[PDB]
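Engineer: Chain A is fixed; fit chain B with the ligands onto it per the hints.
Residues per chain, in single letters:
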Amino acid sequence: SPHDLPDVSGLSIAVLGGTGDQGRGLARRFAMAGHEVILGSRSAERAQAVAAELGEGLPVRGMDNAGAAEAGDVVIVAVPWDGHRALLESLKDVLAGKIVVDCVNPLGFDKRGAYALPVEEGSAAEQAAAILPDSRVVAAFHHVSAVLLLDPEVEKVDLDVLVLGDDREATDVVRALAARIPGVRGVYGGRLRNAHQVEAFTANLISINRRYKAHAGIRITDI
Amino acid sequence: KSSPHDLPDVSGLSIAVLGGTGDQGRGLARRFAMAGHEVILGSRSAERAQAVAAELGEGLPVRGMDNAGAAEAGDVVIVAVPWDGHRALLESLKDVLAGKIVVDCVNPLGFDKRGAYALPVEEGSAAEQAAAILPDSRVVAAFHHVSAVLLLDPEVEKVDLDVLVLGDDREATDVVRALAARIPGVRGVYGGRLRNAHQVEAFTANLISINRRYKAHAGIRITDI
Ligand SMILES: NC(=O)c1ccc[n+]([C@@H]2O[C@H](COP(=O)([O-])OP(=O)(O)OC[C@H]3O[C@@H](n4cnc5c(N)ncnc54)[C@H](OP(=O)(O)O)[C@@H]3O)[C@@H](O)[C@H]2O)c1
Ligand SMILES: NC(=O)c1ccc[n+]([C@@H]2O[C@H](COP(=O)([O-])OP(=O)(O)OC[C@H]3O[C@@H](n4cnc5c(N)ncnc54)[C@H](OP(=O)(O)O)[C@@H]3O)[C@@H](O)[C@H]2O)c1
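Going down the list, the protein sequences come from chains A and B.
Just so we're on the same page, the UniProt record's numbering is the position in the first sequence counted from 1, plus 9.
Just so we're on the same page, the UniProt record's numbering is the position in the second sequence counted from 1, plus 7.
For the record, the hints were derived by calculation from the structure and aren't laboratory data.
Idealized CB from N, CA, C, for every residue including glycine.
Just so you know, not all the hints are guaranteed correct.
[As the list claims (entries may be wrong)] Chain B regions said to be covered by chain A (calculated; three or more residues, Cβ under 8 Å):
id, stretch
1, 120-131
2, 163-176
3, 188-202
Chain A extracted, bound-state conformation:
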C-alpha cells in the first residue's frame, strides 16, 4: 500500500529557527508524541529558554542552530525566508547524510494580502536541495497553523500535510513524522520540482483565512 509507513519512534528531531511560532508549534507536538526535540537558534540561551517554557516534562531542549543540526536525526528548517540560504550554506557539512525538511514559505505581504516571491532555484525546497546535495531534502508542513499547534486546547487538526521529495524512503519517514500530529495524514505530494506551488498555496490559505475567518487547512480526497 502507498499508505504504509515506517516506524519513526526514537527519531530525534532538530528544528532550526525553532524559537518562533512554527518551530515551537512543531516542537511541541513532536515532543508530546515522545520524540526528543532540539530547538535551534542563533543564540543557544534563547533556544534553551524557549524550550524550558514549551511544556513541563516534554523532552525538548535548546542549542544554537549548528548544535541542533548536529544533534537531530531529522532536521526541520523553520527560519524565515530571509535567512534560509545563509543558514543552510553554513550548515552544509553538519547536514550531510541527513533528511532535511524545509517548511519555509517565501511570501510577500502588501495592503492586498499575501503573494508568492519568485525564487531562482524554483522554490525554497529546491534552493535547499541545490545547497545540500549530500542531504535528502523533503518539503513538508507549509500549511500548518502554528497557532493551532501551540494551543493546549487543540486536540486534533484537520489537515493533510503534503510531503514532497525525490527519495521514497525520506518522504515516507516525513509522512510518518507528520502523522504524530493528531488529525494529520502525511500525503505524498510529488517530486521536489512541484514544491513551489505548495509553498505558494500558503498565500491562498491566508486569503481564505481572511475571507472565511478561519484557520484553514486542506484535505486530499479520494485517497
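Structural biologist: The following block gives chain B with the ligands in isolation, referenced to the frame of chain A:
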C-alpha cells in the same frame, strides 16, 4: 451579516464553453446542463460542436457553435482550450468577450518520464495572461482541479471537491462560486486574488502525481471554513 458562503442566484445564466468538445468542456457542460443551464459548446468547427452537443444532449439543454458564436451567446464564458491555443484564441475574441465574466480553467503543464510539472508563464499564470489579453473582461480562474472523467461518469452522483475560485472582482467570483455549486458535492471556495492563480494551476501537477501514486482521482477540500 452576509456569510462569505452565501451565493448569488445564477439560475438565469447561460454558459458558453470554448474548446468545449474535449473532456473538460463536455464534463462541465454535462453537469451544468443537468442542473438546468443552457450550455453552448464552442469549437473551431460549428459542425463538430453541434455533433458533440447532439451526443451530450439527450434530455439536456446543450447546443453547439463556433467559438466566436458561443462566446457571443454565453452570459458567462469558460475557456477550456489547451495551453498551446490559449493566447491566440483569446486575442481573436477580445471584443466579443468585452464586458463578460470569463472563466479560465487552463492548466499550463509539462510531462516527462518523471511525471507532471508546471510550465513558466510570462504574465504569471494562464489566468493572468487572460486578464492581460482581456482588460475589458472580468477574468476568474476556476475549475483547474476537476476530474473531467468523473463529471462525465453516469455512475458518479457527486464529486468530493472544493473548486477554488480566484479573481480581483468580488461579484464575478461570487457568480462563479455559485456556478461551481451546481455540480453535486462541490463548494465554490474563494481562493484569493488573480495574482495567486499560478499556484492553483500548477497544483494540478501535484494532483496528477497523487493520482499516479495512490491510483486515484484526487480532489481537495478546504477545512475549517
Ligand atoms: N507560523 C506559521 O503558522 C507557519 C506555518 C508554516 C510554515 N511556516 C514557516 O516557518 C518559518 C518560520 O515561521 P515563524 O512563524 O516561526 O517565523 P519567525 O518567528 O519570524 O522565525 C522563526 C525564528 O527564526 C530565527 N531567525 C530569524 N531570522 C533569522 C535569520 N535571518 N537567520 C537565522 N535564523 C533566524 C529566529 O530565531 P532566533 O532569533 O532564536 O535565531 C525566529 O524566532 C517561516 O519560513 C514560515 O514561512 C510558518
Ligand atoms: N481533462 C481534465 O480533467 C481537466 C481538468 C481541469 C482542467 N483541464 C484543462 O482544460 C483544458 C481542456 O482540457 P481537455 O482535457 O478538454 O483538452 P483537449 O481535449 O486537449 O482540448 C479541448 C478542445 O480544445 C480545442 N483545441 C485544441 N487545440 C486548440 C487550439 N490550438 N486552438 C483552439 N482550440 C483548440 C479542441 O476543440 P476543437 O478541435 O473542436 O476546436 C479540443 O477538443 C486544458 O487547458 C486542461 O488543462 C482539464
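Engineer: Against the structure shown, which of the earlier numbered hints fail to hold, in ascending order?
Structural biologist: none
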